[PDB]
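Asker: The lines below spell out each chain.
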Amino acid sequence: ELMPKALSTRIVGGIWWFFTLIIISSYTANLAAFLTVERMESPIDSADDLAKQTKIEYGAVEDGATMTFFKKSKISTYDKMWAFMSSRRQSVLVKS
Amino acid sequence: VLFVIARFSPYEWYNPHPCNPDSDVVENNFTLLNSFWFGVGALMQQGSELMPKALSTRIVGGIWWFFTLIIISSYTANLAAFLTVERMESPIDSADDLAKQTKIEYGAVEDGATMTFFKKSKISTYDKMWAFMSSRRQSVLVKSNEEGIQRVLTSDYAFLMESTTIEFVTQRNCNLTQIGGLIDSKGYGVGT
Amino acid sequence: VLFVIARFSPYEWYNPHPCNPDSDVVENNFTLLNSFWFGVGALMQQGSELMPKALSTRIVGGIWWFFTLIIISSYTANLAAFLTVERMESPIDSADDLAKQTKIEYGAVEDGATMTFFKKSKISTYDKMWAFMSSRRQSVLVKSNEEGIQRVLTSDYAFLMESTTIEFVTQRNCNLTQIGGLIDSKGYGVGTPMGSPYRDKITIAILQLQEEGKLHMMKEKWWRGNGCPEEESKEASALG
Amino acid sequence: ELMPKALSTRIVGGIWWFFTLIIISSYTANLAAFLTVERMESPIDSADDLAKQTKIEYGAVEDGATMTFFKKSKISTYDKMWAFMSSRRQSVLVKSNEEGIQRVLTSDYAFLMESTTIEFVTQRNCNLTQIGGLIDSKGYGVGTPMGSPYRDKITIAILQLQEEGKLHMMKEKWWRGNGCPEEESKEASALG
Amino acid sequence: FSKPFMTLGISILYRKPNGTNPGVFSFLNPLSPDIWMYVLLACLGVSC
Amino acid sequence: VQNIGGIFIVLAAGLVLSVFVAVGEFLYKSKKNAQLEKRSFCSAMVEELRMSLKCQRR
Ligand SMILES: *[C@@H]1O[C@H](CO)[C@@H](O)[C@H](O)[C@H]1NC(C)=O
Ligand SMILES: *[C@@H]1O[C@H](CO)[C@@H](O)[C@H](O)[C@H]1NC(C)=O
Ligand SMILES: *[C@@H]1O[C@H](CO)[C@@H](O)[C@H](O)[C@H]1NC(C)=O
Ligand SMILES: *[C@@H]1O[C@H](CO)[C@@H](O)[C@H](O)[C@H]1NC(C)=O
Ligand SMILES: N[C@@H](CCC(=O)O)C(=O)O
Ligand SMILES: N[C@@H](CCC(=O)O)C(=O)O
Ligand SMILES: N[C@@H](CCC(=O)O)C(=O)O
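Chains as they are written, first to last, in our numbering: chain A, 137 to 232; chain B, 144 to 335; chain C, 128 to 367; chain D, 4 to 195; chain E, 4 to 51; chain F, 10 to 67.
Think of the hints as simulated: they come from the structure by calculation, not from any bench.
Built from N, CA and C at the ideal position, the CB exists for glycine as well.
Hints are not guaranteed to be accurate.
[Unchecked claim] Below, in silico cross-link-like pairs of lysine-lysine (DSS-like), each with a Cα-Cα straight-line distance of 25 Å or less:
1. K188(A) / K246(B)
2. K210(A) / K77(D)
3. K189(D) / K176(D)
4. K361(C) / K329(B)
5. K348(C) / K141(D)
[Said to hold, decoys possible] Residues on chain A that point at chain E, a partial pick, calculated with CB under 7 Å:
6. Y163
7. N166
8. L167
9. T202
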């Protein structure tokens, strides 16, 4: 209802207006930055993206029909999967 | 709620005629009609002329502002997020891009020239493309061109067909593009 | 439509002079030029002063106020993405659109194999290339291959190179692109004279080296120049 | 509270509003830019990340365990970073871990090395730490000339020196555990 | 061998179930609990 | 147009639905005019005539 008159009272509100421009705007920005990186967040489903991230300890059982498939593999993802499994050792390449 | 508080507030039932000292016969600004156009105006962030003067009423719309302040901003943020990642969508632009996507299968017409060509490709990408064609060889490499038209149009499949038919596919179905151009160029000849 | 409802609704015209009694002059603030201002004043998220009094007029305001709210936050939302995703193109793509403007001056070697393609071109776009290649024969037609490469970096000039010669000029100059499709499609036949005795001897030797792929084992490393780290990690730009 | 009434006052303010409507919606959208590219950055803590973004100047020792490993690694990203080390030279390979420490501390350089030293690098000089994880598992043993009659003698000697448990006794006697109270457990989010 | 009585292929054994529901203040999370105090500190102060 | 354009229908529907209530406002106060002096129809003309008088704009 009230706007200030009286330049003294004007300027105080105007800078208080200037502050609530920013904080309302800044809130809208990083909320998107959360909600963008959530859509950037991808739960892995292929072996393909799983073949590049060695951050999961993944492997298989030694002497397995699973294993020897990777061992004779000539396939882009499954090469890179079998690239490190023999290379680390039974630490990740279990017997059970 | 604004109307109901305006039925039972002390600093409501103030007078009309704000300029006349007389004429006390009460003013009841927040009606159930007026409280509609109040909150929707804050919900659309435009506001109505009628602001709360009663301190009971001033807590109502002020926190009702904090409803709309969040929701409109949160509406913007997911919309800014949704329109971001669909622009972050960049599809395959090479056979080498597609030689790794095991989730995106690829074969050909069974026993066509590509089935020869990828098999004898000493080009490191297309060499490994034959290996993928070697692995799921039963599923991939359908009987004819139409069947490989079909399974791209029913699944995620790449169907390494030939350009002179590709430049016919877009003449009938522009559902189907040409990612990359012309792995090898050849020529139709009549076989004596 | 705001003026339409304001001149048919009775829950409308309310007398000024509140402090003074009845005063039967009849006034509402609505005119067209007022409604020219309240709609824009809603459109800028401002509000003029006026609060439409009929609920019918509040349908006109509120739906417009809702249409206000939908458009403007959608504007902010996309405008992040252009700054964020930054799908940068210096595009001009095909044969047609690249001939619509002549800042993309068609570099081709005079008396060239490119020239012989453009001389007897039967495709309508490629036929009309030959109209203005010979016109600016001085400028748009270069003297050699290395001559055309240097002009592209200096000017906004554009020079025509074979696909595998494209392959290494992009490789030796990492900030230099190929633009468009695969226009020509021919091969590198090894030159012997007419009626030469040297045809089949050189022919089978090529086929014997393509047996192990010696030509490609040569091709993979002679077309392996500098690094060219294809795409680079960007950062947000303060708006200019 | 002020009001344009005649058109000359109207046409200015609304286009001034149209000037206004850009700038704040520009500013929100571009402040959104300087936050997402903070959050789409990378605490690169893996060798696979550290290979791809060619920023961290990453090197090793020439003539060491690590060089020969990536010379002989059959892992693609390790083959990839070896191709960086193939394209690079003594420039990043410098040698002799003390040459590696200096470029890490002074420059953006990243140094391929092994655990217990990098462990003891974390212990003093609290600016440097192990970035990532343990790729493989070698072991400190004693070098032995081929077929010399000492190998089985010292293996019993070392293992009974481990039956003492002396290895982990003189571990802290020669690692001295140290200070550096972890120093890094923040900076994820939250503009403050 | 003879016959595939239990024919099959290979998939991946995993879960990572750690996220269920935020529920709590999460719209609070974009600025800071420092800020939401300190921004309301200012409005309480400037209104005087 | 594909991206948002259904709001223009939601826009226009507000312009559609407001017609129903604006004529609802006229006849209901005309009923109050037809309650006091007039009958049903000589009510609904005489304020509509002075709507055409329209109290000159400028
Ligand atoms: C493929 O295109 C045809 C016509 O071009 C169309 O009728 C059909 O719906 C399209 N299929 C899909 C899945 O979009
Ligand atoms: C782009 O910049 C280069 C030099 O930086 C210049 O040679 C070229 O003409 C520019 N392209 C334009 C203006 O289209
Ligand atoms: C290393 O750490 C010490 C103490 O933590 C500090 O004084 C010194 O500046 C650091 N070196 C840098 C930041 O280069
Ligand atoms: C997932 O939850 C379990 C149970 O609380 C916990 O032990 C595990 O560490 C969590 N995984 C993480 C934090 O990656
Ligand atoms: N069926 C497998 C054992 C299970 C596995 O390796 O996954 C075999 O016969 O070797
Ligand atoms: N046209 C090919 C068959 C289809 C293909 O291989 O693309 C041929 O002559 O065998
Ligand atoms: N322990 C290493 C030497 C030190 C190093 O290369 O880091 C080796 O046996 O080669």
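Asker: Next, verify each hint and record whether it holds.
Answerer: Hint check:
The hinted pair formed by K188(A) and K246(B) meets the criterion: a straight-line CA distance of about 15 Å does not exceed 25 Å. Taken as a hint, the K210(A) and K77(D) pair is honoured in the structure, with Cα atoms around 13 Å apart against an allowance of 25 Å. In summary, the hint linking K189(D) to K176(D) is not supported, as the alpha carbons are separated by about 32 Å, beyond the 25 Å threshold. For the hint linking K361(C) to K329(B), the alpha-carbon distance of about 41 Å lies beyond 25 Å, and the restraint is violated.
A hinted pair counts as satisfied when its Cα atoms are at most 25 Å apart, and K348(C) with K141(D) does not qualify at roughly 35 Å. The beta carbon of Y163(A) is positioned within 7 Å of a beta carbon in chain E (closest approach about 6 Å), and the interface hint is therefore held. Contact between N166(A) and chain E, as hinted, is supported at the beta carbon level, the nearest pair being about 5 Å apart and thus within 7 Å. At its closest, the beta carbon of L167(A) sits 5 Å from a beta carbon of chain E; the interface hint therefore holds under the 7 Å criterion.
Against a cut-off of 7 Å between C-beta atoms, the interface hint on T202(A) holds, since the closest Cβ of chain E lies about 6 Å away.
In the structure shown, a violation is registered for the earlier hints numbered 3, 4 and 5, in ascending order.
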